[PDB]
Amino acid sequence: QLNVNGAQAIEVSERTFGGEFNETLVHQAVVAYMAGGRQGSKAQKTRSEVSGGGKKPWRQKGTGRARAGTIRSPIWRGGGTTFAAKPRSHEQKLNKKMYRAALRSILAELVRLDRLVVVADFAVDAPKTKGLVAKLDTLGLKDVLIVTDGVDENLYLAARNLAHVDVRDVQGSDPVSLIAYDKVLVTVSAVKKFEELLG
Amino acid sequence: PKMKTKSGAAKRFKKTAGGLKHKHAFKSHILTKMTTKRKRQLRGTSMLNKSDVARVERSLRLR
Amino acid sequence: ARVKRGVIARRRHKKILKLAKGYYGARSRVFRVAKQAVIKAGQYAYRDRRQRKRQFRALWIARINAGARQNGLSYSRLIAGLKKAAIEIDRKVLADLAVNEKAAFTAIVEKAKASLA
Amino acid sequence: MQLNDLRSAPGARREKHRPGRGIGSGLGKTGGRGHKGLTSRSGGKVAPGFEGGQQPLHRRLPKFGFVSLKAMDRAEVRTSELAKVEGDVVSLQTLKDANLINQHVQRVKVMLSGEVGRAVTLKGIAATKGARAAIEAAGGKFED
RNA sequence: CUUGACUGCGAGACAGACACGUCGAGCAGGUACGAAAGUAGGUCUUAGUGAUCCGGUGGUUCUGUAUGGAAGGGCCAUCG
RNA sequence: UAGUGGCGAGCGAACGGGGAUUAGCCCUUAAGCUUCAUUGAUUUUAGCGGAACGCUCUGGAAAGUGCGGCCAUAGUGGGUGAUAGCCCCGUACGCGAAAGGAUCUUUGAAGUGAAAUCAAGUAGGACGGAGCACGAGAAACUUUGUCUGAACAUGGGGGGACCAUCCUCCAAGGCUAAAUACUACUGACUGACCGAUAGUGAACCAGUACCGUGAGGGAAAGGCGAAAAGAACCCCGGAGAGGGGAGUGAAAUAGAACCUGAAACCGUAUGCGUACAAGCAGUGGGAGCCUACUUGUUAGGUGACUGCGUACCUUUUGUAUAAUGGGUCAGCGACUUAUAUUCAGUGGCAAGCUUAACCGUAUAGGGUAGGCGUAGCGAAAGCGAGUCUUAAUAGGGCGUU
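Chains as they are written, first to last, in PDB author numbering: chain E, 2 to 200; chain 5, 2 to 64; chain Q, 2 to 118; chain L, 1 to 144.
Hints listed in this document are in silico derivations from the structure and should not be mistaken for laboratory results. Just so you know, not all the hints are guaranteed correct.
[Unchecked claim] List of simulated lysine to any residue pairs, SDA-like, C-alpha gap at most 20 Å:
1) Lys12 (chain 5) with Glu81 (chain L)
2) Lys184 (chain E) with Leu163 (chain E)
3) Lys12 (chain 5) with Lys16 (chain L)
4) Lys24 (chain 5) with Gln55 (chain L)
5) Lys28 (chain 5) with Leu63 (chain 5)
6) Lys7 (chain 5) with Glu81 (chain L)
7) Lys46 (chain E) with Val5 (chain E)
8) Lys22 (chain 5) with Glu81 (chain L)
9) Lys51 (chain 5) with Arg59 (chain L)
10) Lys12 (chain 5) with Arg60 (chain L)
11) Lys46 (chain E) with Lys16 (chain Q)
12) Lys57 (chain E) with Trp77 (chain E)
13) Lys109 (chain L) with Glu81 (chain L)
14) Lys15 (chain 5) with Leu63 (chain 5)
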């Protein structure tokens, strides 16, 4: 089914790879991922929380002045924000079947647009960025996602300075970061692990 | 649970799959005055009228 | 995400206050009087697109009337020929011929003294 | 697929019209609330059940019934889902291993609402009359 | 005569915002009567009335906080 | 939800499950904990080293352009005359402590735990209260202000009035870590937070100035430039203030009240109109005049004369209304958020669907306790594709492929 660099096929499932693309589903999984990485850490003060303004600024009548009840009204420039923020969460619920079906719809389009490149194995020996630039250049390859079955330590130490690549495992791959990089490298061990999860 | 039903409405309206069933009024404490035909036709458990369903299942917290 | 609205409010005041250009006093220079004055000038501009079609229709008729009585015929006797004859010529160019081409307007009022109805 | 090229189907997301932003938005000046009276005030809510002051239905009709505390631990299974157990024995515990029956349930009566399929043995579990027949049709048996 | 001022109901309507309200057979429990066809689910008709919640009373097959009971509750009837 | 409640408004369990944490020791004397004394160990209080770029173009200035390299366990850091992985300070990554602090750990020591010896003015009760979700209610159980008052393992308490029978426990002596709550104060990282009317009241000598007898209330005020190179000298003036030059700089209409420099408001110049004409001040028509241009049947300005014309908001049956509000400008200023729920649209799965805490090398995956669905009817026991009722399977309501 899928073809590799090292002269073989893999015969992957029609389930995990090569299904039909649902952009309504992948949009929901991308908006869900991009919101669960938001930290809702902000707050503004309400009219109760701004310092001061206990008493009325003047009497209710006789003064020819509009009705006030505190120096810290939201109309006044000292006052509180009217619907002042508190730290809230922007986490939202994907179904577990719905994350998996959206990944299974992305992998199908990475195959269909030639953005997925399968290699037999991908390992560097030295913890060195120059050694991994020189091996991605044998594949004609920049702005890559490298998806292995388990991220090894030298492959993580290389390419974590390198400007346009990431090294993920299969569990740690996510809808945004394999729709963002212009190529995805999966090993043959990765498409096995993608079919344990999705097929 | 962050929405409280009226406890006083759940005593009155039991919910079935045919609707919200209730008992009848006028069946207390003055019963020799009315006929037996009017004590017979109020003895059951009626159903709740269509104009009444929206007000009751806002009280019984279901809207 | 706070947004300050000083750039959009000044370009929106400057559109309404460019449409107020040429107005007396505070109608052309402060916004609360110029907003009302540009609204009113576009209510009048709507209304008077209808009256322009009426004010010229009266002016044509008044000159056709004045140029017909030169030839011994009123307005309403001149127009009356043409449910019986048929020139199918309108008030706009008969007023232009009553002023300018006065001999070709005399030729039309004799075709209407030939109708007699 | 690009992050620059994703959108959902038409009708999946809506604009969330905001009330009170000018008189061309359609919800100008009042925001769907109309004019005076409480429903346009803030906190302008009518309590549930309130009918302007007459006796409402939840105080005018009589209370009736008691709730049985005997039926809190009672539950019903049906013959459609008796084959979902394992090991050809339908017990009280085996109905809890498959998620057919909650915990704190200790009285199960099985009705007829489908087909049994497998030959199962129902121990310590009441069955109806039409359900006992459809189990013993499919090789079942009963004891306690 | 001495009870149909019946018991269970009730097709279908009328009124009707809702709660209410009004009109109405056949089988039985069973009936007075008529010797019988049959009439009778009160009065020539329309006023003579009062929700719920609390109590009171008589039933009940229902519930009955370990179990057997009771207490309390529910249902049905009726009173304040 | 059960209960509870002028059975109103409301208040609200437990059983049973899923987890976080994990220890029980003693009153014939103990774990544990404090204080020292030591045994190793780990941190903290400062630091040290820390890779790799040149030419060219525009420019006041290069990090930007153009070309070619390099480094990378260091590439979206800070700022350097405009935007720097290779200029600088850092960063990744290694190292480092005379002397203290703190945590952990050895193994002694003095203590403490500790009240004495398995619990008597105690349990129980009567009055009056309070609590238990429980408004004393059939009111259990717990606490007690007043008054009383036991049994002793062939005892005693509970199991929601109460009594029997079972079951399970030993009150009236104690001590116990972790999981849990909070952050005035430190430090590091972070932000679909704010950017001087915002964000702390407070970016600036702010809880200041000021107001109060006092408690207390409580402001306004940031920006020259890359560098002060902050204007030597000359001229008018009062050895002024403030200017005109000259210098400085890329720029001084960046000259210190200093980036940008808007609007109201106030001016000077120019063109046109305006001193016999009545009113929401415009609009339709429209002459003349004046500027640019090119041809004229244009473009800009002014608008004599004339037709029609009683602002705006709000509130109302209705307002030019002599009804409300607005002196004007510029900023600011009002449908939000959380948690439950219903309906619609749009999706995933589908007779099933979905997890909550929590676990997690952590938006994955696990975790299906639970919630809803597949069956209803009845107040309920219950019966179930069926009850109720009545002595009546006889007659209707609800449900049902």
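Query raised in the report: For the pair supplied as a hint, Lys46 (chain E) and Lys16 (chain Q), is the alpha-carbon distance within the 20 Å limit?
Result: Given that 20 Å is the threshold and the Cα spacing comes to 36 Å, the pair is violated.
Query - Restraint status (C-alpha distance of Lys15 (chain 5) to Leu63 (chain 5) at most 20 Å) - result: holds (13 Å)
Query - Pairwise hint evaluation, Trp77 (chain E) against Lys57 (chain E), where the allowed Cα distance is 20 Å at most - result: holds (13 Å)
Query raised in the report: If you draw a straight line from the CA of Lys22 (chain 5) to the CA of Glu81 (chain L), is it 20 Å or shorter?
Result: Violated: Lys22 (chain 5) and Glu81 (chain L) sit about 31 Å apart, past 20 Å.
Query raised in the report: Is the Cα-Cα distance between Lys51 (chain 5) and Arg59 (chain L) 20 Å or less?
Result: Holds, because 18 Å separates the two Cα atoms, which is no more than 20 Å.
**Report entry** Pair hint outcome, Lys46 (chain E) versus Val5 (chain E) [Cα-Cα no greater than 20 Å]
**Finding:** Between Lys46 (chain E) and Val5 (chain E) the Cα gap is close to 59 Å, so the pair fails against 20 Å, i.e. violated.
Query raised in the report: Given the hint that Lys7 (chain 5) pairs with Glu81 (chain L), does the C-alpha gap stay at or below 20 Å?
Result: Violated, because 36 Å separates the two Cα atoms, which is more than 20 Å.
Requested in this report: Starting from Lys24 (chain 5), check that the Cα of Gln55 (chain L) is at most 20 Å away, please.
Outcome: Judged against 20 Å, a Cα distance of about 16 Å means the pair holds.
Query raised in the report: Within 20 Å, alpha carbon to alpha carbon, are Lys12 (chain 5) and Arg60 (chain L)?
Result: holds (12 Å)
Report task. Take a quick look at whether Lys28 (chain 5) and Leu63 (chain 5) sit within 20 Å of each other, Cα to Cα. Result -> violated (29 Å)
Query raised in the report: Between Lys12 (chain 5) and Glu81 (chain L), is the straight-line Cα distance small enough, at 20 Å or below?
Result: violated (34 Å)
**Report entry** Restraint status (C-alpha distance of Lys184 (chain E) to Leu163 (chain E) at most 20 Å)
**Finding:** Measuring from Cα to Cα gives roughly 15 Å; hence the hint holds.
Violation of the numbered hints given earlier is confined to hints 1, 3, 5, 6, 7, 8, 11; the remaining hints are satisfied by the structure.
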